[PDB]
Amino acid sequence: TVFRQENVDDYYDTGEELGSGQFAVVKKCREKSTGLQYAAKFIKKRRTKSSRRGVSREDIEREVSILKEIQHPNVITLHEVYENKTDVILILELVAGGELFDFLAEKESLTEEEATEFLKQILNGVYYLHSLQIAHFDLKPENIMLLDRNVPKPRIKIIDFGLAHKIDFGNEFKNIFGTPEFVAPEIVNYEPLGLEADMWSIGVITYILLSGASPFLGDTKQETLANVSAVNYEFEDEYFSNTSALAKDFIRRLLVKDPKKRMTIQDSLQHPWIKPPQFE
């Protein structure tokens, strides 16, 4: 699929740079015709088929296709797509409250109420995605943005669908791999992947929200990955002594090696606690 090839600068003015990645940079922008604000994500294209630099056309189109399907309050929305010789530019909904990663870095740790307030939104967004057979595959605090961080109960949106895939045949088997600290054992072992991988990531996020510590983090990527594959984690008393048994139960049912025995997104919403790259 081809995208708009007019110069994006003729329709938008850019400003503050929100984030910078390995193959993408995001900048705040304003549409000239409406004055409405957005986030422009510039994704670097590959210059040759055998090039390691840039993102393949296939991978860019997958992200765009998935974003176009989604429409939910807890998921970033896509407005337009432009492209030129060097980049594909996604004009996305602007979320300027910062990363949940940054929010957590300031509060150190959250109360169960604060954690569940965030989790309920993440679960609702993932429920929507999984209902459409969409696996995100890169869930972590950095990919959860707040709309406004200056309110007692910040609302969020899931972002960065760069690894997202449609799981129409139950699983995907193509070496999909995210950040070591958050990937499920099946990812570490290069096995078929499904929606279950996202649930494991949610368990890791929940552990972090409640303790300010990462469950499988080692001193090197290989150590972290080895820890993940062996499900080498513990609810350290220093961090969890005053955490409810139900919260631990919730995490324990997500950090399960066998994907088939792991809680599904529907299970997570009915759980009593809720129910109202890889190489160094």
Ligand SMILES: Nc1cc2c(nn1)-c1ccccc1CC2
Given for the second form:
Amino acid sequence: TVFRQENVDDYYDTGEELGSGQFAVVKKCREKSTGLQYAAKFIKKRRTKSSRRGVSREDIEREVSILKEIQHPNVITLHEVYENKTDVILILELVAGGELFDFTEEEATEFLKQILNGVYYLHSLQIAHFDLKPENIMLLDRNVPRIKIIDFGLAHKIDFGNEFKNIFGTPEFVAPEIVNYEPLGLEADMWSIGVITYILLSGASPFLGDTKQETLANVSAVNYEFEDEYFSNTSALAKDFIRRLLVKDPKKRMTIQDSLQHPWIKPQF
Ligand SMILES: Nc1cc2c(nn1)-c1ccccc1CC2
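Switch from the form deposited without this ligand, shown above, to the form deposited with this ligand bound and output its structure.
Full complex below, order starting with the chain above.
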């Protein structure tokens, strides 16, 4: 699929940098025709088929295709796509409030519930995000707060219940099936939600070791505990919620629908 080949600079003006990835940079921008503001994500293209630098056209198109499908208040929307020789440029909704963690159980669940609603929408569409972590939970406007899940760079449509292709995010947040290079499904997202919840409530990371290999070993082993010093005041129900997500066997882990009915919620190298 081909994208808009006119110079993006003829239609938008860029401003402050908003964030980045390995082969991407995101800048605030303003559309010349309307004055509406967006975030322009410049994704570096691969220069050759054997290159390890840049993002493959296949991967870029998958992210674009997923973003086009979704319309939900808790997920980032895609406005337009441009491209040139070096970059594909996604014109995305402006999420200007920064990362959630930068910004009590009631406060934690208020944000957690919006994450759950957004993931419920995704999973309803058989879309696994595969990269859920605090850095990808943004606040639309931290001055009003509504969250927006961002960065669909690892996201996949799961049409056969699982995907088998060495998908791998950030060691602290990936499920044991990712660490062990096994078939992956929506369940992996639910693990990552348990990790996010643990950190939300405690400011501590459940599996984090001193090196990447230690973190990964800890994840695979389900080597974590609710440290009394960090969780003394936290309700048993909150811990129960987390415990049912941080389960090695994906089949035994709470689903997104389970998480919404849970008594706490219900009203790599
Ligand atoms: N890797 C990243 C990183 C970011 C974003 N997307 N991908 C983003 C998208 C829309 C608005 C704001 C951002 C900030 C950081």
